[PDB]
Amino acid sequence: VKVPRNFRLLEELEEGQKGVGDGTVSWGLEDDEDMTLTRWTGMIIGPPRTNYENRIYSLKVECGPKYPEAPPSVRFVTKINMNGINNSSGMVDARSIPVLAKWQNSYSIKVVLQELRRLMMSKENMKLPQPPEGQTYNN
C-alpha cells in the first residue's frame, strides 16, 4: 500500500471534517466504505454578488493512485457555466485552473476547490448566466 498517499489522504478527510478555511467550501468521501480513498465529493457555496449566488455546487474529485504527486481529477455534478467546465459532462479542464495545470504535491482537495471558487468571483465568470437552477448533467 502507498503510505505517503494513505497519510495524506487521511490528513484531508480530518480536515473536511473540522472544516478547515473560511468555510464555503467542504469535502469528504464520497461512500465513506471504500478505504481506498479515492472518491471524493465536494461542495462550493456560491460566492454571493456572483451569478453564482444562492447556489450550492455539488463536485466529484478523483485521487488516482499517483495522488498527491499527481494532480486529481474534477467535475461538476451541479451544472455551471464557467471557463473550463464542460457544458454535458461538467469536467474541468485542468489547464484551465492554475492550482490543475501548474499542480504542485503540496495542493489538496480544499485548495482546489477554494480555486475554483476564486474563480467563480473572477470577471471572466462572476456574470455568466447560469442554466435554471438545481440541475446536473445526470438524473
Second form
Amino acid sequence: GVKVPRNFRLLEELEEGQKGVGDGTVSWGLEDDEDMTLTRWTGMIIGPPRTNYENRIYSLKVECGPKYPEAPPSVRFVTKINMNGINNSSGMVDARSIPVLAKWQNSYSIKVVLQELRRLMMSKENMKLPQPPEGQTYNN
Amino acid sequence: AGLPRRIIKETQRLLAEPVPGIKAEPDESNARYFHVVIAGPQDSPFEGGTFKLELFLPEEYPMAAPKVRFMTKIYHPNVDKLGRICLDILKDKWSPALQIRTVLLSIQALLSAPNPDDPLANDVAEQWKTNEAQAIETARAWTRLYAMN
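Next up, the form solved in complex with the partner chain, please; the one we just looked at was the form solved without the partner chain.
The next block holds the full complex; its first chain is the one shown before.
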C-alpha cells in the first residue's frame, strides 16, 4: 500500500512542472527556487477560449502544507478574477466551492487543481461573468 | 502482508548496526521513509556540522533505487539548492545489492570528496573548479550557518 512522502511527491511535481504537460494551458513551479520545503508554488492558467477569461494569463499561489498530498493545497489567485468559488476581494479559492478541493484525494496534484480551475472557467455560471481590467492583482 | 524481507532486514540492521557518523531513524507513519542525519566528514569543510537527509524506499525497490535528498542547505557541487543529490549509484549505476548503507556512506564520501567536474553539477561547481579555496571556505560558512543546530 506504499505511500510516497510529501517531500518526494512534491519533487515529482517539480519535475513534471518543468517538463510541462499537455497543451501547456496550465503550468506550475516553485515560487522560491531555494525553498527546500517545496511549500510555495506559482500556478499559471491560460484563460480558456470563448469565455470572458480568454487570452488572459492567470497567476496563482498554491501552498502545499505539511499534510499534502493527503490534504489539499491552499490556493489563491494573484491575478484578479470574477469566478464562483474565488473570493472577489482577496483571490482566495474557497475549497468548499471547488469540487477537486472539496473532494480532495491524495492522488490529486497541483496540476489537477489548476486543470480543474481552468475547466470551471468554462462553466456556464463563470464564462459570462464580467471581468475586472486585465493586469490587476490582489494584495499580499 | 508487510514489507519484503529485505526492507525489514536493512531497516533492522540500521536501528541495530548503525553506520559511523550517520543516524537513520524510521518515520512514525511511513515504514519506507527514513530521517537521516549525516555528520560532516572529518577534515571536510562540513566537519562539525550535522546534515538532515530524507530517504524513501520506493514500492518497486530494490529494482528502483532509493530516493534521497538533503533537507539541510549545503554548499556542495553535487547537491543543489533543493537538496537534490547528484550521485550516480542513485540513477545510472544502481543495482539490488547496494542496499541503503551503500548509498549513505557514499553520500558522506561525496561530502568528503566533492566532484565539481560532474556534468550536471551546480554552479557552485564553477566556483569549486576555479577558486576551490574560496568555495571550501563558503562551504564552511554555510555549515556554520545551517548545519550547527
